[PDB]
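The chain below stands alone and is given as structure tokens, in the form deposited without the ligand.
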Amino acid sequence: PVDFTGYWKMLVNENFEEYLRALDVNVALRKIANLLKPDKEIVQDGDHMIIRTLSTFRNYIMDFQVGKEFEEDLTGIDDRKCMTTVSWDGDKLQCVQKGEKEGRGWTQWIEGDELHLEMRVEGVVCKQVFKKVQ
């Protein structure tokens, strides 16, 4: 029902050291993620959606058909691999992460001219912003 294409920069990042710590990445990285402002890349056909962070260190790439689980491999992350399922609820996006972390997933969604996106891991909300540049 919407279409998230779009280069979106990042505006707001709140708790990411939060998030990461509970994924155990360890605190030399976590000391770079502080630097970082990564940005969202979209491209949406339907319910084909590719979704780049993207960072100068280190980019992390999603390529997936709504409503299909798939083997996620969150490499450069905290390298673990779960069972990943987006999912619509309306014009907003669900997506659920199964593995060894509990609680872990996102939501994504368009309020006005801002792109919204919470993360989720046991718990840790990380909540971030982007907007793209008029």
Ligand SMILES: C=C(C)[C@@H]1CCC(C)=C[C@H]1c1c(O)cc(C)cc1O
The other form holds:
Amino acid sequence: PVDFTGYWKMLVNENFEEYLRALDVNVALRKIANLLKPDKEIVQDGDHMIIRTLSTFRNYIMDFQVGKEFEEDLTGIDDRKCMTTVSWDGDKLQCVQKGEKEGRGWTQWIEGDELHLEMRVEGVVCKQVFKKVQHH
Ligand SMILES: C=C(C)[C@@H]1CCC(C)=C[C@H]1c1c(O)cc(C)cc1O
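In place of the form deposited without the ligand, the structure of the form deposited with the ligand bound is requested.
Every chain and every other molecule in the complex is listed next, the one we just looked at coming first.
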């Protein structure tokens, strides 16, 4: 039974700048964004998932139903809109973000006390790992 509910602190963030470059984010924001170490606050409530990615000056909030396509507004990332579906694949969450870019999506799973998140677009891959924490 995978349950992503919890508060999660960033441990590593690998190859994020190239991932953002593939989304056409210009170099100034790539460098700013890659220095950020946001937390994630997740509530999994049945198949209703809220994923809050939180940092001092910039946040990005996802709020969706697993299995149901929705219009994802990536405002503050690359400012595109996608038709996104997040689905269960065993104990992994598989996200496909349909839109102008090919092969855009991500995969999320848990190993022990680690939240693993691999994001992809146009064959470019970024890997993030977060640790479960208790100070809120
Ligand atoms: C803080 C947020 C929401 C920023 C917002 C700006 C950009 C382009 C990316 C986000 C980001 C992450 O989702 C995840 C990580 C690790 C860094 C990071 O910088």
